[PDB]
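We begin with a single chain expressed as C-alpha coordinates, specifically the form deposited without this ligand.
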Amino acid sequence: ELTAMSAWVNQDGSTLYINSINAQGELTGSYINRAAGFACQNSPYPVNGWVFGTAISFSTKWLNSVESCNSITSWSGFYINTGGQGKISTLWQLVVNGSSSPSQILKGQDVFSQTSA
(Lines of atoms letter the chains of each structure in order from A and count residues from 1; the text may use other names and numbers.)
(Lines give C-alpha, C1' and ligand atoms only; values in the text may rest on other atoms or scores of the structure.)
(Ligands and ions follow the chains in the order given, each with its own letter.)
Protein backbone atom coordinates (compact mmCIF):
# COMPACT_ATOMS: atom_id res chain seq x y z
CA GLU A 1 0.00 0.00 0.00
CA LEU A 2 3.12 1.90 -0.47
CA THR A 3 1.74 3.03 -3.84
CA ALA A 4 1.97 5.94 -6.21
CA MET A 5 -0.41 8.70 -5.13
CA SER A 6 -0.34 7.83 -1.42
CA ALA A 7 0.10 10.49 1.29
CA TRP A 8 1.62 10.14 4.74
CA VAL A 9 1.47 12.51 7.74
CA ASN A 10 3.83 12.49 10.72
CA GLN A 11 3.58 13.50 14.36
CA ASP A 12 4.37 17.14 13.47
CA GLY A 13 1.65 17.32 10.83
CA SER A 14 4.20 17.25 7.99
CA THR A 15 3.14 15.35 4.90
CA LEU A 16 4.87 13.28 2.23
CA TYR A 17 2.83 13.31 -0.97
CA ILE A 18 4.06 10.42 -3.14
CA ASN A 19 3.42 11.28 -6.79
CA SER A 20 4.94 8.44 -8.83
CA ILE A 21 6.64 5.11 -8.25
CA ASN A 22 7.92 3.77 -11.57
CA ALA A 23 8.46 0.17 -12.70
CA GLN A 24 11.91 0.13 -11.04
CA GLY A 25 10.60 1.58 -7.76
CA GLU A 26 12.01 5.05 -8.28
CA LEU A 27 9.93 7.57 -6.33
CA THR A 28 8.94 11.18 -6.95
CA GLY A 29 6.82 13.40 -4.71
CA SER A 30 6.55 16.52 -2.64
CA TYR A 31 6.94 17.21 1.06
CA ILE A 32 5.35 19.94 3.16
CA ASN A 33 6.97 20.55 6.53
CA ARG A 34 4.68 21.71 9.33
CA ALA A 35 6.99 21.07 12.30
CA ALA A 36 7.02 23.88 14.86
CA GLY A 37 10.52 25.12 15.47
CA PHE A 38 11.71 24.37 11.95
CA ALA A 39 11.83 26.78 9.01
CA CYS A 40 10.79 25.92 5.43
CA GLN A 41 7.16 25.34 6.50
CA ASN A 42 3.95 25.30 4.48
CA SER A 43 5.43 25.13 0.99
CA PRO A 44 6.18 22.14 -1.25
CA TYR A 45 9.67 20.66 -1.56
CA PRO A 46 10.47 18.11 -4.30
CA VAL A 47 11.26 14.58 -3.15
CA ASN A 48 13.05 11.68 -4.81
CA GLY A 49 13.86 8.18 -3.54
CA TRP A 50 13.22 4.48 -3.88
CA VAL A 51 10.74 1.82 -2.85
CA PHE A 52 11.70 -1.86 -2.51
CA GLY A 53 8.71 -3.86 -1.30
CA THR A 54 8.06 -2.34 2.09
CA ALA A 55 11.43 -0.55 2.30
CA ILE A 56 11.49 3.11 1.32
CA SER A 57 13.95 5.96 1.16
CA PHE A 58 13.09 9.50 0.31
CA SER A 59 15.03 12.73 0.34
CA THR A 60 14.38 16.40 -0.05
CA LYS A 61 16.60 19.40 -0.66
CA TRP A 62 15.33 22.34 1.41
CA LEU A 63 15.31 24.82 -1.45
CA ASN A 64 12.26 25.94 -3.37
CA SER A 65 10.85 29.08 -4.94
CA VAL A 66 9.97 30.63 -1.59
CA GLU A 67 12.45 29.52 1.04
CA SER A 68 15.86 27.92 1.66
CA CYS A 69 17.06 26.08 4.72
CA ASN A 70 20.49 25.32 3.16
CA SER A 71 20.30 21.59 3.87
CA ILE A 72 19.02 18.16 2.78
CA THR A 73 17.02 15.58 4.72
CA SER A 74 16.99 11.88 3.95
CA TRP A 75 14.56 9.39 5.44
CA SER A 76 15.05 5.63 5.51
CA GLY A 77 12.14 3.53 6.58
CA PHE A 78 9.60 0.85 6.11
CA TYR A 79 5.90 0.40 5.54
CA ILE A 80 3.90 -1.50 8.14
CA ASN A 81 0.23 -2.45 8.19
CA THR A 82 -1.26 -2.44 11.68
CA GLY A 83 -4.94 -2.41 12.61
CA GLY A 84 -5.82 -2.23 8.93
CA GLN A 85 -3.96 1.04 8.51
CA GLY A 86 -0.67 1.75 6.75
CA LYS A 87 2.21 3.55 8.46
CA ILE A 88 5.76 4.39 7.41
CA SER A 89 8.30 4.28 10.23
CA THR A 90 11.54 6.16 9.48
CA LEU A 91 14.87 7.39 10.71
CA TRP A 92 16.13 10.59 9.12
CA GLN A 93 19.45 12.37 8.68
CA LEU A 94 19.79 16.09 8.01
CA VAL A 95 23.02 17.43 6.47
CA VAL A 96 23.65 21.17 6.30
CA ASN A 97 25.55 22.93 3.52
CA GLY A 98 29.04 23.91 4.71
CA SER A 99 29.39 21.06 7.20
CA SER A 100 32.90 19.84 8.13
CA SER A 101 32.28 16.95 10.57
CA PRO A 102 29.90 13.92 10.64
CA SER A 103 29.04 15.13 14.16
CA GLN A 104 27.09 17.97 12.49
CA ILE A 105 24.66 15.63 10.73
CA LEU A 106 21.41 15.71 12.69
CA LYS A 107 19.38 12.51 13.26
CA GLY A 108 15.81 11.92 14.29
CA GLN A 109 12.80 9.72 13.93
CA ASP A 110 9.48 10.32 12.13
CA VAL A 111 6.50 7.98 11.98
CA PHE A 112 3.86 8.63 9.33
CA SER A 113 0.22 7.53 9.09
CA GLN A 114 -1.69 7.25 5.85
CA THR A 115 -3.88 10.26 5.12
CA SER A 116 -6.29 11.77 2.58
CA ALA A 117 -8.75 14.67 2.46
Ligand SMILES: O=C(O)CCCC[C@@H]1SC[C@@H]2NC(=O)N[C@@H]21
The other form holds:
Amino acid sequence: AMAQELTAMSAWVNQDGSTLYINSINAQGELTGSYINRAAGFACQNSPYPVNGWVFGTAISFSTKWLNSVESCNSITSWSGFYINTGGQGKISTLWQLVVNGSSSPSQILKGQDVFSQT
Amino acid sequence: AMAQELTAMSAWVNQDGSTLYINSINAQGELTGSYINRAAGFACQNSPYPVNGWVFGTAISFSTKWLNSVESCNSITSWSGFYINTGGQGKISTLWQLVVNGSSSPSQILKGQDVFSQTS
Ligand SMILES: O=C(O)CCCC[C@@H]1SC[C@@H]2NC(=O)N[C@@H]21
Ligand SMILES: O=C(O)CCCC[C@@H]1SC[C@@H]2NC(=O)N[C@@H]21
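Return the form deposited with this ligand bound of this protein as a structure block, the form deposited without this ligand having already been given.
Time for the whole complex; same chain goes first.
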Protein backbone atom coordinates (compact mmCIF):
# COMPACT_ATOMS: atom_id res chain seq x y z
CA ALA A 1 0.00 0.00 0.00
CA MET A 2 0.90 3.61 -0.29
CA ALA A 3 1.48 6.68 1.85
CA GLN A 4 -0.64 9.71 0.96
CA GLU A 5 1.12 12.05 -1.49
CA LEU A 6 1.22 15.85 -1.76
CA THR A 7 -1.66 16.28 -4.23
CA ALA A 8 -4.92 18.11 -4.87
CA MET A 9 -7.73 16.67 -2.72
CA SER A 10 -5.62 15.65 0.27
CA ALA A 11 -6.30 16.11 4.00
CA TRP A 12 -3.74 16.53 6.80
CA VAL A 13 -4.01 16.76 10.60
CA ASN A 14 -1.41 18.31 12.89
CA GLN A 15 -0.29 17.39 16.40
CA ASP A 16 -2.96 19.60 17.94
CA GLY A 17 -5.77 18.12 15.84
CA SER A 18 -6.16 20.97 13.33
CA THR A 19 -6.96 19.94 9.76
CA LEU A 20 -5.76 21.27 6.38
CA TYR A 21 -7.94 20.38 3.40
CA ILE A 22 -6.13 20.93 0.09
CA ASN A 23 -8.86 21.06 -2.55
CA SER A 24 -7.31 22.24 -5.79
CA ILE A 25 -3.84 22.76 -7.25
CA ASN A 26 -3.78 24.56 -10.63
CA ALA A 27 -1.19 24.10 -13.40
CA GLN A 28 0.92 26.92 -11.91
CA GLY A 29 0.92 25.16 -8.53
CA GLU A 30 -1.45 27.58 -6.81
CA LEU A 31 -3.43 25.81 -4.12
CA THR A 32 -6.86 26.45 -2.62
CA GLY A 33 -8.39 24.77 0.42
CA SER A 34 -9.80 25.24 3.90
CA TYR A 35 -8.47 24.96 7.44
CA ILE A 36 -10.03 24.03 10.77
CA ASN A 37 -8.14 25.08 13.85
CA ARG A 38 -8.43 22.89 16.93
CA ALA A 39 -5.30 24.07 18.82
CA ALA A 40 -5.67 25.24 22.39
CA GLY A 41 -4.18 28.69 23.06
CA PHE A 42 -5.81 30.14 19.93
CA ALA A 43 -9.34 31.27 19.09
CA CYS A 44 -11.20 30.79 15.73
CA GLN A 45 -11.68 27.08 16.54
CA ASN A 46 -13.95 24.50 14.95
CA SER A 47 -15.10 26.45 11.83
CA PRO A 48 -13.64 26.54 8.26
CA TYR A 49 -11.24 29.27 7.14
CA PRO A 50 -9.97 29.92 3.57
CA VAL A 51 -6.51 28.82 2.41
CA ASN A 52 -4.30 29.72 -0.55
CA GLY A 53 -0.64 29.07 -1.34
CA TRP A 54 1.84 27.28 -3.59
CA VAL A 55 3.36 23.86 -4.20
CA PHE A 56 6.73 23.30 -5.88
CA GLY A 57 7.71 19.64 -5.87
CA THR A 58 7.77 18.64 -2.22
CA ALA A 59 7.92 22.30 -1.03
CA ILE A 60 4.69 23.99 0.01
CA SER A 61 3.46 27.27 1.43
CA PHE A 62 -0.08 27.94 2.59
CA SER A 63 -1.76 30.84 4.30
CA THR A 64 -5.11 31.31 6.12
CA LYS A 65 -6.97 34.62 6.74
CA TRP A 66 -8.83 34.23 10.08
CA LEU A 67 -12.20 35.62 8.95
CA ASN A 68 -15.36 33.73 8.19
CA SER A 69 -19.10 34.25 8.77
CA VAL A 70 -18.93 33.12 12.42
CA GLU A 71 -15.69 34.44 13.98
CA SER A 72 -12.85 36.83 13.22
CA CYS A 73 -9.41 36.75 14.84
CA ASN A 74 -8.06 39.79 12.97
CA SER A 75 -4.95 37.88 11.90
CA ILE A 76 -3.26 35.81 9.17
CA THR A 77 -1.14 32.66 9.50
CA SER A 78 1.39 31.49 6.96
CA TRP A 79 3.08 28.13 6.91
CA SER A 80 6.22 27.16 4.99
CA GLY A 81 7.00 23.47 4.79
CA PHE A 82 7.86 20.29 2.96
CA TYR A 83 6.43 16.85 2.30
CA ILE A 84 8.06 13.68 3.59
CA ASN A 85 7.05 10.02 3.69
CA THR A 86 8.33 8.35 6.89
CA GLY A 87 7.10 5.61 9.24
CA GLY A 88 4.46 4.55 6.73
CA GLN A 89 2.75 7.97 6.69
CA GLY A 90 2.89 11.03 4.42
CA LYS A 91 3.49 14.26 6.34
CA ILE A 92 4.02 17.97 5.84
CA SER A 93 6.58 19.45 8.24
CA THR A 94 6.13 23.24 8.66
CA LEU A 95 7.20 26.43 10.42
CA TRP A 96 4.51 29.08 10.73
CA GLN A 97 4.18 32.83 11.40
CA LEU A 98 1.04 34.58 12.68
CA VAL A 99 0.58 38.33 12.16
CA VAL A 100 -2.14 40.38 13.85
CA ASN A 101 -3.90 43.43 12.31
CA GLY A 102 -2.59 46.59 13.99
CA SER A 103 0.91 45.29 14.82
CA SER A 104 3.79 47.77 15.04
CA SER A 105 6.81 45.55 15.75
CA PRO A 106 8.10 42.30 14.17
CA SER A 107 8.42 41.03 17.80
CA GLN A 108 4.59 40.78 17.71
CA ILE A 109 4.63 38.15 14.92
CA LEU A 110 4.08 34.79 16.61
CA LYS A 111 6.01 31.72 15.46
CA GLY A 112 5.61 27.96 15.84
CA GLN A 113 6.08 24.52 14.35
CA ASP A 114 3.37 22.15 13.07
CA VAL A 115 3.77 18.65 11.61
CA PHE A 116 0.71 17.50 9.61
CA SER A 117 0.09 13.80 8.99
CA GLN A 118 -2.14 12.23 6.33
CA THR A 119 -5.77 11.41 7.21
CA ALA B 1 1.04 63.81 0.40
CA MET B 2 -0.67 61.04 2.39
CA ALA B 3 0.67 57.51 2.49
CA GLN B 4 0.15 54.80 -0.09
CA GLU B 5 -1.85 52.10 1.75
CA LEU B 6 -2.47 48.37 1.15
CA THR B 7 -4.43 48.78 -2.03
CA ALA B 8 -4.64 47.05 -5.42
CA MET B 9 -2.06 48.37 -7.92
CA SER B 10 0.56 49.45 -5.38
CA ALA B 11 4.33 48.97 -5.65
CA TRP B 12 6.82 48.51 -2.83
CA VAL B 13 10.64 48.28 -2.74
CA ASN B 14 12.75 46.68 0.00
CA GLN B 15 16.20 47.45 1.37
CA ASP B 16 17.81 45.16 -1.24
CA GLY B 17 16.01 46.82 -4.14
CA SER B 18 13.47 44.04 -4.71
CA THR B 19 9.99 45.08 -5.83
CA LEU B 20 6.57 43.78 -4.82
CA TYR B 21 3.76 44.67 -7.20
CA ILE B 22 0.35 44.18 -5.64
CA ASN B 23 -1.94 43.80 -8.65
CA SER B 24 -5.28 42.87 -7.16
CA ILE B 25 -6.99 42.69 -3.76
CA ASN B 26 -10.53 41.45 -3.88
CA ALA B 27 -13.31 42.35 -1.41
CA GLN B 28 -12.32 39.37 0.81
CA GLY B 29 -8.71 40.53 0.91
CA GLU B 30 -7.23 37.85 -1.35
CA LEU B 31 -4.12 39.30 -3.08
CA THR B 32 -2.30 38.59 -6.36
CA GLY B 33 0.81 40.27 -7.74
CA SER B 34 4.32 39.83 -8.98
CA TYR B 35 7.77 40.10 -7.41
CA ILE B 36 11.21 41.02 -8.77
CA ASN B 37 14.15 39.94 -6.63
CA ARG B 38 17.32 42.07 -6.64
CA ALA B 39 19.01 40.79 -3.46
CA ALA B 40 22.68 39.86 -3.69
CA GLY B 41 23.32 36.30 -2.56
CA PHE B 42 20.16 34.93 -4.17
CA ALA B 43 19.49 33.65 -7.71
CA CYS B 44 16.24 34.29 -9.66
CA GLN B 45 17.03 38.01 -9.94
CA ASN B 46 15.61 40.57 -12.39
CA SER B 47 12.57 38.70 -13.70
CA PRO B 48 8.94 38.67 -12.44
CA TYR B 49 7.61 35.84 -10.27
CA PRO B 50 3.95 35.26 -9.31
CA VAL B 51 2.55 36.24 -5.88
CA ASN B 52 -0.56 35.34 -3.87
CA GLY B 53 -1.60 36.18 -0.32
CA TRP B 54 -4.02 37.91 2.03
CA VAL B 55 -4.66 41.41 3.46
CA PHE B 56 -6.50 41.93 6.77
CA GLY B 57 -6.55 45.58 7.84
CA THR B 58 -2.84 46.37 8.26
CA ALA B 59 -1.79 42.68 8.39
CA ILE B 60 -0.51 41.15 5.14
CA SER B 61 0.87 37.82 3.97
CA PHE B 62 2.31 37.16 0.52
CA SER B 63 4.13 34.24 -1.06
CA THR B 64 6.15 33.88 -4.27
CA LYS B 65 6.91 30.62 -6.13
CA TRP B 66 10.33 30.90 -7.76
CA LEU B 67 9.46 29.47 -11.18
CA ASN B 68 8.92 31.37 -14.40
CA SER B 69 9.93 30.89 -18.06
CA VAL B 70 13.33 32.52 -17.44
CA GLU B 71 14.74 30.82 -14.31
CA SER B 72 13.82 28.32 -11.63
CA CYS B 73 15.11 28.33 -8.07
CA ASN B 74 13.15 25.28 -6.83
CA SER B 75 11.77 27.21 -3.84
CA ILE B 76 8.95 29.26 -2.30
CA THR B 77 9.21 32.39 -0.08
CA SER B 78 6.49 33.44 2.36
CA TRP B 79 6.36 36.89 3.99
CA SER B 80 4.23 37.87 7.00
CA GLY B 81 4.07 41.50 8.04
CA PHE B 82 2.19 44.68 8.74
CA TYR B 83 1.65 48.09 7.18
CA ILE B 84 2.78 51.25 8.92
CA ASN B 85 2.08 54.89 8.04
CA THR B 86 5.18 56.83 9.09
CA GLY B 87 3.53 60.18 8.31
CA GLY B 88 2.79 60.47 4.59
CA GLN B 89 4.93 57.41 3.73
CA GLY B 90 3.74 53.80 3.66
CA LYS B 91 5.89 50.85 4.63
CA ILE B 92 5.38 47.09 5.04
CA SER B 93 7.58 45.49 7.71
CA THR B 94 7.93 41.71 7.25
CA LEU B 95 9.58 38.48 8.36
CA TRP B 96 10.14 35.86 5.65
CA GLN B 97 10.72 32.11 5.30
CA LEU B 98 12.17 30.35 2.23
CA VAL B 99 11.60 26.60 1.73
CA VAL B 100 13.35 24.49 -0.92
CA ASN B 101 12.00 21.52 -2.93
CA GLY B 102 13.44 18.29 -1.52
CA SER B 103 14.02 19.57 2.04
CA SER B 104 14.06 17.05 4.94
CA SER B 105 14.58 19.28 8.00
CA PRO B 106 13.11 22.58 9.31
CA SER B 107 16.70 23.76 9.84
CA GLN B 108 16.91 24.01 6.03
CA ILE B 109 14.22 26.72 5.90
CA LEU B 110 15.91 30.13 5.50
CA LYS B 111 14.65 33.14 7.47
CA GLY B 112 15.06 36.93 7.35
CA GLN B 113 13.54 40.39 7.64
CA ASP B 114 12.49 42.74 4.81
CA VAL B 115 11.05 46.25 5.06
CA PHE B 116 9.31 47.56 1.93
CA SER B 117 8.65 51.24 1.23
CA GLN B 118 6.03 52.68 -1.14
CA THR B 119 7.47 53.54 -4.56
CA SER B 120 6.24 55.15 -7.78
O1 LIG C 1 -5.91 32.93 17.10
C2 LIG C 1 -5.82 33.38 15.94
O3 LIG C 1 -5.32 34.52 15.74
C4 LIG C 1 -6.35 32.55 14.81
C5 LIG C 1 -6.12 31.06 15.05
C6 LIG C 1 -4.64 30.72 14.89
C7 LIG C 1 -4.36 29.23 14.95
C8 LIG C 1 -2.85 28.97 14.84
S9 LIG C 1 -2.35 29.08 13.24
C10 LIG C 1 -0.80 28.27 13.68
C11 LIG C 1 -1.13 27.17 14.66
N12 LIG C 1 -1.51 25.94 14.00
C13 LIG C 1 -2.79 25.65 14.28
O14 LIG C 1 -3.49 24.54 13.83
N15 LIG C 1 -3.37 26.55 15.06
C16 LIG C 1 -2.41 27.61 15.37
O1 LIG D 1 17.21 32.07 -4.16
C2 LIG D 1 16.04 31.64 -4.28
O3 LIG D 1 15.73 30.54 -3.80
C4 LIG D 1 15.00 32.45 -5.01
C5 LIG D 1 15.11 33.95 -4.68
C6 LIG D 1 14.86 34.26 -3.21
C7 LIG D 1 14.96 35.75 -2.87
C8 LIG D 1 14.69 36.02 -1.38
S9 LIG D 1 13.06 36.01 -0.96
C10 LIG D 1 13.47 36.73 0.65
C11 LIG D 1 14.53 37.76 0.42
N12 LIG D 1 14.00 39.06 0.07
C13 LIG D 1 14.32 39.36 -1.18
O14 LIG D 1 13.86 40.48 -1.86
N15 LIG D 1 15.14 38.47 -1.76
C16 LIG D 1 15.27 37.33 -0.86
